[PDB]
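The chain below stands alone, shown as structure tokens; this is the form deposited in one PDB entry.
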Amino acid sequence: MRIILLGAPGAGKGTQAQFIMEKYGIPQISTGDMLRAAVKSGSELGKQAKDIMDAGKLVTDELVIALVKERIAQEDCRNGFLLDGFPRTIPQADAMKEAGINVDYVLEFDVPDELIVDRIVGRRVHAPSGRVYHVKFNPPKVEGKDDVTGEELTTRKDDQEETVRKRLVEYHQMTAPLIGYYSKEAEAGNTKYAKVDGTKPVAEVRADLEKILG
């Protein structure tokens, strides 16, 4: 199974990708997690992307496309994969299309801009792994600790109010047009398209997705 998750920053994509990975056994391919992993490892990619990300802007299409193409050529993606935060622009979607890469499902996460800024305030992450929590809506079992390692949680650098509002403007400008892009592909029968109400609690969005994916 091949799946694309669409939605504004903070709409709940990474949270729901982990259930899909658990249930259907396909790797979560999150370009944000890979880029942050590149920073964590000190790679040349990490050196090129760090300042762009901190500014809340999008990394060059050509770089992220090469990143994804190498990632999905790996053996754990042979039987499917979930794309989380990619494609992010029309050129990234056309690059995948011209490469012959079709996906089975496109899932849009619908969340108003107003909830997102308040939501991202309480976002806490196990920075090594990228596991994501919320202090109110999806807390860890132990306040301030990762459920798996017991390591202290942190707050992403780009999750401050000002950066989050920069990211939302980039989303509506560059990314929101992918809604019509993959709706057109679905009408041509090249994928299934579905939209979920991301304002609901995590358990209800999860249930909604299970009905769609089976």
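Residue numbers count along the first chain shown, from 1. Throughout, rigid core stands for the largest set of C-alpha atoms superposing within 1.5 Å between the two forms. First, how it differs from the form deposited in another entry.
- Once you line up the core between the two forms, the Cα of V125 ends up 2 Å or more from where it was.
- Core-superposed comparison between the two forms: the C-alpha position of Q28 differs by less than 2 Å.
- Taking 2 Å as the criterion, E151 counts as shifted between the two forms: its C-alpha moves by at least this amount when the rigid core is aligned.
Switch from the form deposited in one PDB entry to the form deposited in another entry and give that structure.
Since only the chain itself is given, any partners or molecules it might have are not part of what comes next.
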């Protein structure tokens, strides 16, 4: 089973990764994990990636696709793989096709923007220890305090509402054509495509996934 899982930043698609991995006996793979592992390994692609990253440059789509192709040839992908959060653009999807990398399902994990903003802006952290909380959905023991140390909890600057909203605007503009691309691929019989309501309780999402995936 070969699955691409797509979702907006903050939607929390990763909440279903372990369910999928355990269902099919497949690893969760990502461009970030692939790059880190390649650089650490000193492989040929890893050396190219390290030189680019060490200069503060972005790896090319061609190198990213080559890393995907290499990753899925590894023995742990014999049963398939869960490719998390990539492709991100039509050019990247077409490069997957040109390279010969088809998947069985593309799953779009949807959460409304306003709920994403709620899910994120309510987060609070204790930076010294990296413990995190949420005001409405997972309140702390003592209002505004880490129930351990009692130091004033903070909010991460990346989690500021205006930064969150800007990220979502950019994501939808980038992703709309890609969703349409995969719906077309499904119409052509090359893959299957389904949207998932990620706002539901996790067991409800899981049941919806089971109906999609058979």
